[PDB]
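> Next come the chains, spelled out residue by residue.
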Amino acid sequence: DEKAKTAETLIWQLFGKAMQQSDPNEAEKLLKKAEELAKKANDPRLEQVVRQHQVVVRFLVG
Amino acid sequence: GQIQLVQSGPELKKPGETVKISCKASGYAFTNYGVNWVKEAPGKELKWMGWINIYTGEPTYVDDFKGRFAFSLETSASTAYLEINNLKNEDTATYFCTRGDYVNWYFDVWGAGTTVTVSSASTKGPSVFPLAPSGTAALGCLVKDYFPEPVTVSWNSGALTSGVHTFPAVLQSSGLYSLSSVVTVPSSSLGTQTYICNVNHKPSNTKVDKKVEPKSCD
Amino acid sequence: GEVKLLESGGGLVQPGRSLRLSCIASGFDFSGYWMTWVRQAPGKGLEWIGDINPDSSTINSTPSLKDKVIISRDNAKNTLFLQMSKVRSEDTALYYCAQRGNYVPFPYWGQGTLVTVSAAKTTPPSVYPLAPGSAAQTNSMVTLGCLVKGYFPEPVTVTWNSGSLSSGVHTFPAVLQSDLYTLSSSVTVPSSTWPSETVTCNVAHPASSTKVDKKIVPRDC
Amino acid sequence: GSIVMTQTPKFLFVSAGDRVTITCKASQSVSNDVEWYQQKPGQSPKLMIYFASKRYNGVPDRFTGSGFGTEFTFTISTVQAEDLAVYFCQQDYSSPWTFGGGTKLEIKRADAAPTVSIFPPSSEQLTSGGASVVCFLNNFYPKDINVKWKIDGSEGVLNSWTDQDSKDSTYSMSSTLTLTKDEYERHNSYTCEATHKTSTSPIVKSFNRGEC
Amino acid sequence: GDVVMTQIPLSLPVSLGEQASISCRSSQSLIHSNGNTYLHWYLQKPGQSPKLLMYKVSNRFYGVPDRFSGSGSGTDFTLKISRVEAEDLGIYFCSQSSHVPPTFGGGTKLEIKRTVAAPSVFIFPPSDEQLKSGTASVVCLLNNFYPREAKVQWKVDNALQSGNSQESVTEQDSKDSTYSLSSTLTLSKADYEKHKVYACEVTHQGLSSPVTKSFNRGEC
Ligand SMILES: CC(=O)[C@H]1CC[C@H]2[C@@H]3CCC4=CC(=O)CC[C@]4(C)[C@H]3CC[C@]12C
Numbered sequence: 634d635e636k637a638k639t640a641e642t643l644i645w646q647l648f649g650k651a652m653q654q655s656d657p658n659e660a661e662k663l664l665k666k667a668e669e670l671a672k673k674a675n676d677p678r679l680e681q682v683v684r685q686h687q688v689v690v691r692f693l694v695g
Numbered sequence: 472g473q474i475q476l477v478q479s480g481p482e483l484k485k486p487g488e489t490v491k492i493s494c495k496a497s498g499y500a501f502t503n504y505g506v507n508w509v510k511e512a513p514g515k516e517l518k519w520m521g522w523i524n525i526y527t528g529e530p531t532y533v534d535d536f537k538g539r540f541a542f543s544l545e546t547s548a549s550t551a552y553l554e555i556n557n558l559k560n561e562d563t564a565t566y567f568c569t570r571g572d573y574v575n576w577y578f579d580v581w582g583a584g585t586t587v588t589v590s591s592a593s594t595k596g597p598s599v600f601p602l603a604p605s606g607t608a609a610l611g612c613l614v615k616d617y618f619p620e621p622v623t624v625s626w627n628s629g630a631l632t633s634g635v636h637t638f639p640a641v642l643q644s645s646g647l648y649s650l651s652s653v654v655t656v657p658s659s660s661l662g663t664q665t666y667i668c669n670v671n672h673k674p675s676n677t678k679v680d681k682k683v684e685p686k687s688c689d
Numbered sequence: 585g586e587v588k589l590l591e592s593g594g595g596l597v598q599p600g601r602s603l604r605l606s607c608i609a610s611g612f613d614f615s616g617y618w619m620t621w622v623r624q625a626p627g628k629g630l631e632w633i634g635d636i637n638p639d640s641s642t643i644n645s646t647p648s649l650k651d652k653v654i655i656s657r658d659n660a661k662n663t664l665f666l667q668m669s670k671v672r673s674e675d676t677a678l679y680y681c682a683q684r685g686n687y688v689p690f691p692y693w694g695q696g697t698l699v700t701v702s703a704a705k706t707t708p709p710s711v712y713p714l715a716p717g718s719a720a721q722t723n724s725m726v727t728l729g730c731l732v733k734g735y736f737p738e739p740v741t742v743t744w745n746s747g748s749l750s751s752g753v754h755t756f757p758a759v760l761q762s763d764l765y766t767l768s769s770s771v772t773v774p775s776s777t778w779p780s781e782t783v784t785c786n787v788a789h790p791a792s793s794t795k796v797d798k799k800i801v802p803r804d805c
Numbered sequence: 208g209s210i211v212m213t214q215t216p217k218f219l220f221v222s223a224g225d226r227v228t229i230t231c232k233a234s235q236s237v238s239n240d241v242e243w244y245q246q247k248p249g250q251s252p253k254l255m256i257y258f259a260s261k262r263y264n265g266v267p268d269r270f271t272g273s274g275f276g277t278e279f280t281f282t283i284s285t286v287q288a289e290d291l292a293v294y295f296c297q298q299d300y301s302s303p304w305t306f307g308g309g310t311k312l313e314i315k316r317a318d319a320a321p322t323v324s325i326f327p328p329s330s331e332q333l334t335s336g337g338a339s340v341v342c343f344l345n346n347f348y349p350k351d352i353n354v355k356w357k358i359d360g361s362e363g364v365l366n367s368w369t370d371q372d373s374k375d376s377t378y379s380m381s382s383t384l385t386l387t388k389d390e391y392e393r394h395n396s397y398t399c400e401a402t403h404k405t406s407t408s409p410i411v412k413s414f415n416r417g418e419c
Numbered sequence: 290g291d292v293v294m295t296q297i298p299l300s301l302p303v304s305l306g307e308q309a310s311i312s313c314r315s316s317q318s319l320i321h322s323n324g325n326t327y328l329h330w331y332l333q334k335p336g337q338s339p340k341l342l343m344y345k346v347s348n349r350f351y352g353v354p355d356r357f358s359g360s361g362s363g364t365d366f367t368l369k370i371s372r373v374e375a376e377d378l379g380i381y382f383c384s385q386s387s388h389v390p391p392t393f394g395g396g397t398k399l400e401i402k403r404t405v406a407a408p409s410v411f412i413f414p415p416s417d418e419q420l421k422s423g424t425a426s427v428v429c430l431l432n433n434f435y436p437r438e439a440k441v442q443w444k445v446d447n448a449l450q451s452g453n454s455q456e457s458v459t460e461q462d463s464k465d466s467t468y469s470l471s472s473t474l475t476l477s478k479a480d481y482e483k484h485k486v487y488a489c490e491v492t493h494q495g496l497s498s499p500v501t502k503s504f505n506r507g508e509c
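Top line first, the protein sequences correspond to chains A, B, C, D and E. For what it's worth, this note's numbering labels the leading residue of the first sequence as 634, then goes sequentially. For what it's worth, this note's numbering labels the leading residue of the second sequence as 472, then goes sequentially. For what it's worth, this note's numbering labels the leading residue of the third sequence as 585, then goes sequentially. For what it's worth, this note's numbering labels the leading residue of the fourth sequence as 208, then goes sequentially. For what it's worth, this note's numbering labels the leading residue of the fifth sequence as 290, then goes sequentially.
Incorrect hints may appear among the rest.
Computed Cβ-Cβ distance ranges for the label pairs, DEER-style [what the hints assert, rightly or not]:
#1 C:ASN662 x D:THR228: 39 to 45 angstroms
#2 C:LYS799 x D:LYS357: 40 to 46 angstroms
#3 A:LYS666 x E:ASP291: 33 to 39 angstroms
In short, the hints are calculated from the structure, not lab data. All C-beta atoms, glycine included, are put in the ideal place defined by N, C-alpha and C.
In isolation and in its complexed conformation, chain A is listed as follows:
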């Protein structure tokens, strides 16, 4: 699915942007946007990836 791949690329880009951020609120907003994009893609795997990214970002940045 091309749409799924594009959504995955966008999710990874958002995760990369969040990883190099200093304000945890900005990272939370980016992760919320990524979760919304994953929900729009209708793929459980993308939701799982977003959930894991949230955990990793919250641990490392927070």
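For chain A, the structure is supplied; the task is to place chains B, C, D and E with the ligand on it using the hints.
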């Protein structure tokens, strides 16, 4: 292309020096994983050394590996460097650079491993002595006091291969190596067949052909 | 082909002498496996004697028999030898040679040979016919027999018509009395087959090297 | 000291189709180096189980082996007629290698009456000076049986029993009466009498020397 | 501190065509907060880098044959191989990632199983060339035995030696699966010439009694 990591060749150092090992990644997007380092000591367990994140370059070390070790990156060339300062005799080990994932947290792609050996002994050639025989009799050659590894032992220029045992080398107290090569032959052929052991040590450019005879008890 | 182990050298030996048994192996690479001698007392459990390695460098033997036996092998003729000195009455037994392999323990066994240590003297067997009486011919099946009496030592082999008749043959264990053995062997055949067809019992005694063929004949009444 | 292997039970009386279990117990740890052998009456031992769980080539699937440490078990799920034998357990963990005592397996069946036949001494044995009167009792069960010799009605007797047959599981018995030629010729009537569980009256087989 | 992983057993002899089982036990709970249990199994062959076999307890990594299975929970985990082959020999070890930092187990080695066999013992004296240099090495060789456990002792005039002998062991043979061992005793020239009788004593499980191979200095 095939996803792989390439590491530099083996390293031989003296105490007090500094070494630098490289790890080059090819076959994937270098900025979507993490680079972990693993150290394996002889006869011990694998030990996680630390990891470096590509996004920001900030490294993380365990407590035991702080101070003397350093991680660095060259993103344009897709390379990771490990730098060791103030070497000791306890740092002789094999180092792997491996790729770590962000979703399942495993190490799925491993490098070949770079061996680092630290010792103050200097290059020296081997000495070959005959373990002489005295319906099946065993004989051989003893290789003593050579540094560093490895040496190659052959019988009759490779003509004899059945029953030949070549034991792994062991480090002596003085810092040099030794080993033994043995072979079993029928007793009736001892006085007819000429047995020669050939020992080759490339770092010292030493090649020795030793003839083994039954001990002249007469 | 099929793995074959064939023993030889057994029989009667007077006490205090020496004994030499041989075992020939065929069907496999004789110079690659360990070789074992095992023995069994009559009516008892097995007992392990010893074994030897391919090049005769290491020999294992039971501690109680370490000083009495000597094992050797010859890969030129595919042969294994056992030698015993000063045998006693306690060594009367049956001996097997077995292969001891790398991945399977004791997979192939020989037939085994009988060793009897006694001071008696060899005596050839006496074979007698056993024909049914006139009143025993009223059944569809009729029994005949051969009686082997007064032989020494064991064993004797009794067959009927050179092994052609294998069904309906009972061979009872021998009884020992006054240093002589006695046994009887019976065969049951359809009444329409005898005396129309010839029935002959063959008795072989290797110890006395005596072979006797005795035809079953109706009683001369 | 030598490792002592104790095997139980010593005797087994089972009917066809049942399941049996034999236990071999060591005096000290022998890891998993135990082999189970089967020996039929009058033949060489045959390897059945090795390394305590593995099955040798050609062995029917109804034989299983298990255990570890100091106890091992050998199990037959469905006993057939041709499984009558003696079974041994052996360890080769440490020299010297010791065998167990062995379990002797026996088969039950329905009771059967014996077939009785009598044979007077042959002419050649009479010529030799002796006289052997033979009594054959074929195909009965169970083994317990009484044999009586009657010379002219009046009560040198050797008794031999065969091993249990592996096809129909019956026992056969040979009774031999040994006498001198003169003693045999001094009497006419000779009777073999069988008393067995299958009947309340003895089976009588009689002959007369004058008769032939 | 760091989670401690203990693996059972240290050496596992198995035969081709059968099943094998390996146990890994942690020092504490490996269940992560989010719900997943991160226990991984790796395999390493001689002379190569480790390769992932199983991830997250029971999942199977891409390319792994179907005969590998994993199970367990809490602090007890198990790996099972239904039908061992010649290519499955190596060192297996577990790892965790649920608590910083990841740790690795000690490793279980798989090897072929065969029957017991006693060693052949030989003894080699020192040559004259070495004696002219001031040192003397005496060698005791044990040939073609199984299993790996054997004990060697050096006796000089019936006095047990300690702290100057070194041993070396080969790998399992590729044709009949046996080992070989070499024990070297090093002496100075004066100490070598102070004594007469030298002996190597071997104790092995497959031998009913210890085997002594001895010689005398200067004799033949
Ligand atoms: C991407 C990568 O290399 C992985 C391999 C091991 C992983 C770590 C394992 C331990 C861990 C547990 C957490 O709950 C937070 C994230 C961390 C700290 C992980 C971060 C990502 C790592 C470093």
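> Each hint: holds or not?
Here is how each hint holds up against the structure:
Distance hint check: the CB atoms of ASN662 of chain C and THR228 of chain D are about 42 angstroms apart, consistent with the given range 39 to 45 angstroms. At roughly 32 angstroms, the beta-carbon separation of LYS799 of chain C and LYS357 of chain D lies outside the given 40 to 46 angstroms, and the hint is violated. In this structure, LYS666 of chain A and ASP291 of chain E meet the distance hint of 33 to 39 angstroms, their C-beta atoms being roughly 37 angstroms apart.
Hint check: a violation occurs at hint 2 only; the rest are consistent with the structure.
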